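Take these sequences, add in the hints, and give me the full structure.
In case you want the letters, here they are:
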Amino acid sequence: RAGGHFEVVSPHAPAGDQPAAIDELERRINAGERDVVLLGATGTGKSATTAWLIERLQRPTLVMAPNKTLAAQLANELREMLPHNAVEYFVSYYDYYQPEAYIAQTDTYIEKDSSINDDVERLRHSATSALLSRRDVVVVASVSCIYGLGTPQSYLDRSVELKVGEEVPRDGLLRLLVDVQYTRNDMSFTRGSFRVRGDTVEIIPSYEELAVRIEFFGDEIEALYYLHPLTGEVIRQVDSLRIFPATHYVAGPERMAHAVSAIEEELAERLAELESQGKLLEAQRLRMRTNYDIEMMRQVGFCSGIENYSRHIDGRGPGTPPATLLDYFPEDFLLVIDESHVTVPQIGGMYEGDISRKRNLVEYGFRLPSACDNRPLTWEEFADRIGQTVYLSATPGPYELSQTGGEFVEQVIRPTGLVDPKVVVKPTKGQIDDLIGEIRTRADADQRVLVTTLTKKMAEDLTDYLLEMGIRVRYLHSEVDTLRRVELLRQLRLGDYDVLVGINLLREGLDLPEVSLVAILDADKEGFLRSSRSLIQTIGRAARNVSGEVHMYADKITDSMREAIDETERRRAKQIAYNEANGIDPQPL
Amino acid sequence: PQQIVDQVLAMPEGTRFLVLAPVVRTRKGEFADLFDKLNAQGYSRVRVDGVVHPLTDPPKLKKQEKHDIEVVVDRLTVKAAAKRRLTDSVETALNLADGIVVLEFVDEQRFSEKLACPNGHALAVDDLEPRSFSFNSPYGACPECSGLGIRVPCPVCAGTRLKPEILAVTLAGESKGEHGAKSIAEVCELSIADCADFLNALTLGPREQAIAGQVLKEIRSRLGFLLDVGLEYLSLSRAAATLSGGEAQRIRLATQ
Amino acid sequence: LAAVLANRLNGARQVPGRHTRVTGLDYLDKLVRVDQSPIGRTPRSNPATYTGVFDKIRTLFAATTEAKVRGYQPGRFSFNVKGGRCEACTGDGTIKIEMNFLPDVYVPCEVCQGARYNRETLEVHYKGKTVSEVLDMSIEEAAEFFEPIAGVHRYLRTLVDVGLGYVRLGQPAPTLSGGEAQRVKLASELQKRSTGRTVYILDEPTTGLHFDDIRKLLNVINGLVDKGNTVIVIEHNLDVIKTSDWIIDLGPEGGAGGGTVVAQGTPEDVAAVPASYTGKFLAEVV
Ligand SMILES: [Zn+2]
Ligand SMILES: [Zn+2]
Ligand SMILES: [Zn+2]
Numbered sequence: 023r024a025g026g027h028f029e030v031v032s033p034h035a036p037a038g039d040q041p042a043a044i045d046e047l048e049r050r051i052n053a054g055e056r057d058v059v060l061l062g063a064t065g066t067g068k069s070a071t072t073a074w075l076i077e078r079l080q081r082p083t084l085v086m087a088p089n090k091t092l093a094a095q096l097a098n099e100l101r102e103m104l105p106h107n108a109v110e111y112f113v114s115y116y117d118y119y120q121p122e123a124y125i126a127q128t129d130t131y132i133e134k135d136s137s138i139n140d141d142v143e144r145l146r147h148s149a150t151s152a153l154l155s156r157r158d159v160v161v162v163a164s165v166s167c168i169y170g171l172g173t174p175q176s177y178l179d180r181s182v183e184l185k186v187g188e189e190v191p192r193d194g195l196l197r198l199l200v201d202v203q204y205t206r207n208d209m210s211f212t213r214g215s216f217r218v219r220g221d222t223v224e225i226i227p228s229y230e231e232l233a234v235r236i237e238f239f240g241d242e243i244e245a246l247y248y249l250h251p252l253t254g255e256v257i258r259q260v261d262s263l264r265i266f267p268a269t270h271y272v273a274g275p276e277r278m279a280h281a282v283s284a285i286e287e288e289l290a291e292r293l294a295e296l297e298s299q300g301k302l303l304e305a306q307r308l309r310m311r312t313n314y315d316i317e318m319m320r321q322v323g324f325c326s327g328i329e330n331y332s333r334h335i336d337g338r339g340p341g342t343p344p345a346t347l348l349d350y351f352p353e354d355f356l357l358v359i360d361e362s363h364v365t366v367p368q369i370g371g372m373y374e375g376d377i378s379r380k381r382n383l384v385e386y387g388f389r390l391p392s393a394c395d396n397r398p399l400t401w402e403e404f405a406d407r408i409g410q411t412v413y414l415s416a417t418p419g420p421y422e423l424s425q426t427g428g429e430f431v432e433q434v435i436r437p438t439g440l441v442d443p444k445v446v447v448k449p450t451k452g453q454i455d456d457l458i459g460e461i462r463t464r465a466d467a468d469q470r471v472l473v474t475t476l477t478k479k480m481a482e483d484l485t486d487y488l489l490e491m492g493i494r495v496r497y498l499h500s501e502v503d504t505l506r507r508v509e510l511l512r513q514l515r516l517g518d519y520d521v522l523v524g525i526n527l528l529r530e531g532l533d534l535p536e537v538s539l540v541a542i543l544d545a546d547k548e549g550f551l552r553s554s555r556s557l558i559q560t561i562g563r564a565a566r567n568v569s570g571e572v573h574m575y576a577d578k579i580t581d582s583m584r585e586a587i588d589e590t591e592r593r594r595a596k597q598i599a600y601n602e603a604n605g606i607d608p609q610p611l
Numbered sequence: 133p134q135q136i137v138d139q140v141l142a143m144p145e146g147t148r149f150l151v152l153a154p155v156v157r158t159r160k161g162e163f164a165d166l167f168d169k170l171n172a173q174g175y176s177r178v179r180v181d182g183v184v185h186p187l188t189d190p191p192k193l194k195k196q197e198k199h200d201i202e203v204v205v206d207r208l209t210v211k212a213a214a215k216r217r218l219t220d221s222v223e224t225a226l227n228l229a230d231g232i233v234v235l236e237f238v239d248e249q250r251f252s253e254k255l256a257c258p259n260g261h262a263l264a265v266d267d268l269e270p271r272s273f274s275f276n277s278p279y280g281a282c283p284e285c286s287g288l289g290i291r410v411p412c413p414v415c416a417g418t419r420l421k422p423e424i425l426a427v428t429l430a431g432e433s434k435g436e437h438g439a440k441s442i443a444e445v446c447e448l449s450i451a452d453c454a455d456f457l458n459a460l461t462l463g464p465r466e467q468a469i470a471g472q473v474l475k476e477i478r479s480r481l482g483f484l485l486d487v488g489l490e491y492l493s494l495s496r497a498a499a500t501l502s503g504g505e506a507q508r509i510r511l512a513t514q
Numbered sequence: 668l669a670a671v672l673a674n675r676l677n678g679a680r681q682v683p684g685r686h687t688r689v690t691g692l693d694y695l696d697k698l699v700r701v702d703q704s705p706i707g708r709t710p711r712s713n714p715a716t717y718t719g720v721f722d723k724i725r726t727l728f729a730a731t732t733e734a735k736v737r738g739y740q741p742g743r744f745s746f747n748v749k750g751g752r753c754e755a756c757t758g759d760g761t762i763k764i765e766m767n768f769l770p771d772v773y774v775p776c777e778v779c780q781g782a783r784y785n786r787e788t789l790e791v792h793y794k795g796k797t798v799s800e801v802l803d804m805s806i807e808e809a810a811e812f813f814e815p816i817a818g819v820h821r822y823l824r825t826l827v828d829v830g831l832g833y834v835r836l837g838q839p840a841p842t843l844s845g846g847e848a849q850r851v852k853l854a855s856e857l858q859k860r861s862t863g864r865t866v867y868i869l870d871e872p873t874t875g876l877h878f879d880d881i882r883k884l885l886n887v888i889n890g891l892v893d894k895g896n897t898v899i900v901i902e903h904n905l906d907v908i909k910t911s912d913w914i915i916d917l918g919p920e921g922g923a924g925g926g927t928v929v930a931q932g933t934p935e936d937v938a939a940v941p942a943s944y945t946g947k948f949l950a951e952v953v
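Chains as they are written, first to last, in the UniProt record's numbering: chain L, 23 to 611; chain P, 133 to 239, 248 to 291, 410 to 514; chain B, 668 to 953.
Think of the hints as simulated: they come from the structure by calculation, not from any bench. Positions of the beta carbon are idealized from the N, C-alpha and C atoms, including for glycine. Careful: at least some of the hints might be erroneous.
Claimed, not checked - Using 30 Å as the maximum straight-line C-alpha spacing, the simulated DSBU-like pairs for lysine-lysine come out as follows: (1) P/169 / B/763; (2) B/723 / L/134; (3) B/894 / L/134; (4) B/763 / P/254; (5) B/859 / L/301; (6) B/859 / L/134.
Unchecked claim - Part of the chain P face toward chain L, derived, beta carbon under 8 Å: (7) 157; (8) 171; (9) 173; (10) 174; (11) 175; (12) 176; (13) 177; (14) 205.
Structure representation (structure tokens):
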């Protein structure tokens with residue numbers, strides 16, 4: 023893994039808590055701290071700190087996020103600060119994905135269906151190649167990373183490199199191209215495919231966006247050239263270059279042999295298991311499906327459901343962690359988990375749901391227990407296969423704090439100088455009148471406002487009344503779709519409305535600098551979705567404006583809500599003191 | 133095309149040649165766009181006006197200037213067991229070049253396929269097909285008599419009731435009996451007895467024996483009945499008007 | 668009957684004759700009228716093309732590593748494809764040229780030798796068999812082959828149950844009798860998962876089927892009807908109708924003297940009513 027120095031191009035000048043925070047995290051990792059926590063308040067810029075930490079450590083970094091949504095906005099941004107290193111990406115490559123599912127009650131086979139995305143898989147393979155070709159590699163991963171995979175060993179083995187001048191049989195080159203999952207598309211030119219015309223060979227690699235033309239002097243590598251795939255415009259020329267398999271189910275012919283052997287053995291196992299279970303229909307269905315699958319291994323080596331045989335392909339034992347992007351990473355790989363407070367619970371919940379599915383799949387004759395092995399690593403298995411662990415959240419998780427001992431690294435004072443909002447608490451009564459009054463007060467300057475709710479019925483009834491009072495108000499429900507709130511963003515930046523009325527999903531995917539006031543309905547109830555994390559999230563939301571404000575209307579006051587408000591106000595005083603010590607007012611940025 | 137590809141054996145072993153696909157034969161025109169299209173497929177080799185250039189860096193072309201576009205396809209001499217690459221570029225040329233290639237003595249041999257005549261010439265008979273010699277059909281009918289045989411015989415009959423090209427030029431090899439070299443009109447003039455005895459014993463080939471055995475059996479049965487009636491002095495070209503009534507009567511007697 | 672059922676279920680637009688109404692369509696989805704007509708009038712189509720297993724075998728051959736390295740489609744392996752067809756025959760095997768007076772004679776081609784392929788394609792020997800060999804071995808041999816495969820396995824199992832698998836896989840449709848084509852059609856429909864909601868109407872099929880062929884067809888229809896299929900066949904064979912679980916015998920007298928049910932019910936029921944002569948015959952039998 024040739025690790026090029028993480029060249030950081032950061033015109034921003036670190037200030038505030040950034041230097042101390044980075045230094046203390048650095049010494050934390052130096053101290054062998056396999057468990058660390060960070061308290062990154064809103065607007066504290068965790069991305070830049072993570073980039074600088076990765077620069078300092080010079081290790082291949084895996085960053086963990088809980089939904090594909092988040093990964094997009096960050097990775098592109100880091101590439102700006104790191105335009106001379108391998109920045110990569112990986113999430114579910116599925117525009118749509120119904121799993122292999124089995125309604126046992128109805129004996130219904132909801133077969134695995136998937137609309138496959140392209141660029142996601144492209145970046146997946148680019149990331150795997152970069153990791154197994156260089157140490158200066160950063161990869162953003164959804165939980166999918168811990169699912170079953172092929173071995174980075176074979177990934178690096180099947181890969182083959184060719185250099186200019188060196189004698190190499192062209193036919194052998196085509197053979198290895200086939201063995202590394204590349205098609206002789208003599209008709210057209212497509213991703214991960216190639217064409218042969220005379221001694222000339224032109225290939226688009228699966229991971230590399232561009233293409234390459236190679237001229238052959240008989241059975242010698244005459245020359246290599248970059249290319250635009252279709253137009254063929256030679257980007258440049260380099261003497262040598264490597265090619266990685268287009269599949270992450272990489273496996274030598276010997277590895278296919280071993281996988282087939284173990285597949286047949288565990289097939290006999292599952293055969294006997296379902297025969298004893300009396301699930302003869304499921305046993306026979308699985309038997310014939312895997313018979314076709316093994317037939318087209320012995321013929322082609324490629325099909326659907328290959329993952330279900332990862333324990334056979336990787337060759338490790340049942341119940342052990344299947345291969346992973348973590349294996350694609352070194353042992354001295356850098357690790358970062360953002361929003362681990364939901365990523366770790368997501369890991370366990372995903373394992374539980376997916377093993378419940380592997381029940382009614384394997385337990386009910388669809389695949390072998392090797393399918394169950396082709397799983398997210400059990401939380402413990404992940405915790406072992408990881409390296410040093412750094413959690414990033416202004417709200418550290420309970421188990422996270424247990425792992426880290428409760429200590430953490432603070433970064434809450436933004437260098438800009440923004441301060442937290444002024445909070446107010448009132449009983450549920452006097453809500454409509456005050457809401458309309460503040461609506462008009464903000465409409466004087468045409469400013470934004472937010473509202474939370476608990477029950478769908480009351481939420482939409484209240485929004486309907488507000489509309490009846492001639493209020494520029496909208497609301498949100500459980501399964502609202504992107505168009506509604508995106509046109510809401512258009513409206514608000516065009517100054518059409520002021521207020522919105524959501525319940526739960528509003529908590530995510532909204533950044534509104536123009537809201538100086540938020541309302542929180544019926545926080546009195548002690549609820550999971552309205553926990554201290556919820557109130558802190560609303561606090562961060564209201565902190566956007568220069569003089570934002572929080573207003574929670576509930577008969578009683580929950581412990582979490584008011585402790586969060588108090589800590590918010592004291593750190594707000596701290597931020598104000600820092601601002602005025604700089605002689606700088608809170609600076610919008 | 134199979135002979136086109138197999139002709140590499142004909143050209144001596146080791147002799148340099150070029151894999152020349154005549155994609156656009158002699159059709160001049162500024163074809164930089166065509167160069168780009170050939171690159172888009174990907175070959176890197178071309179030859180225009182008989183001079184080689186790379187498709188990567190081809191020469192300039194003008195509509196006025198003649199351009200014999202026979203694109204080079206691959207770099208090969210006469211090698212041993214190079215049929216893989218050979219066919220690879222060769223069927224390719226058989227489509228792009230549309231069936232033609234050349235392996236010149238660049239160190248000559250032309251790998252071309254042509255119908256009718258091997259050299260792309262016209263034929264008196266387009267092939268070895270009996271109807272080609274049927275003047276009752278338009279195949280043998282003269283331009284100026286339409287098979288009648290008259291204009410005074412038409413200038414292109416001259417006694418033979420057949421086209422001069424399809425008289426003997428493509429059919430002079432009838433080795434019937436001895437000294438056999440006959441035109442269609444020559445067999446016509448062969449009397450009943452003459453032609454019958456000529457076909458009684460003749461050596462033209464084993465495949466010809468196989469595919470004309472029925473011919474001989476029919477003719478010999480017909481002639482045996484003809485002798486059973488005692489009718490030989492009539493000739494194969496003898497005017498049908500010579501039928502004396504009894505003549506055609508005996509013909510049908512033999513037939514039945 | 669056929670007219671109304673087809674236009675109401677299959678969307679036909681033929682004339683329904685003269686009937687006030689028909690009912691029971693609610694219990695059916697789409698009818699099928701089948702007869703002795705040949706499946707194909709040209710050698711182009713062949714058992715493989717009709718059954719649809721052809722492209723399946725083509726992909727099977729594409730599954731060879733040699734097929735991969737050549738990188739060409741299942742259509743390449745086809746025998747009705749421009750590229751793979753030797754010009755000496757258009758990949759038809761023998762070479763054909765003839766005039767009106769007398770018929771031609773089969774002659775193997777240098778490329779073919781009866782292979783009706785090109786050696787370039789035949790170089791692949793998927794599962795130790797060339798494309799010529801695969802198209803060669805007839806239905807039963809193909810059936811005992813392709814065992815772990817699925818769709819081809821269903822096709823060949825259908826044909827084995829038909830029991831007429833002796834037919835060469837590449838046997839020209841024109842070289843197949845009308846009854847053989849009928850068996851092919853019933854086999855093809857036997858592989859369409861109609862749930863039995865469909866109903867098959869049929870001509871008198873004795874022609875083109877020997878006694879044993881009729882017995883095989885009887886087994887076919889038995890499986891169909893056990894799968895839920897309905898059937899109604901015009902037939903002068905006492906055995907066929909006595910095998911059919913119900914009879915509707917129409918016609919008090921030939922020609923205009925008929926035109927109404929004289930009896931029906933189980934073959935025995937219709938037999939007990941001598942209003943039909945076919946009923947009298949089903950009575951003297953059993
Ligand atoms: Zn000539
Ligand atoms: Zn004339
Ligand atoms: Zn042929």
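Taking the hints in turn, this is what the structure says about them:
1. P/169 / B/763: This hinted pair is violated, its Cα atoms lying about 40 Å apart.
2. B/723 / L/134: Within the cut-off at roughly 23 Å; holds.
3. B/894 / L/134: 29 Å, holds
4. B/763 / P/254: Holds. Residue 763 of chain B to residue 254 of chain P sits at ~21 Å (cutoff 30 Å).
5. B/859 / L/301: Measuring from Cα to Cα gives roughly 27 Å; hence the hint holds.
6. B/859 / L/134: With a Cα-Cα distance of about 23 Å, the restraint between residue 859 of chain B and residue 134 of chain L holds, given a limit of 30 Å.
7. 157: 20 Å, violated
8. 171: 6 Å, holds
9. 173: 6 Å, holds
10. 174: For residue 174 of chain P, the interface hint holds, since the closest Cβ of chain L sits about 5 Å away, which is under 8 Å.
11. 175: 5 Å, holds
12. 176: This interface hint holds because 5 Å falls under the 8 Å limit.
13. 177: 7 Å, holds
14. 205: 5 Å, holds
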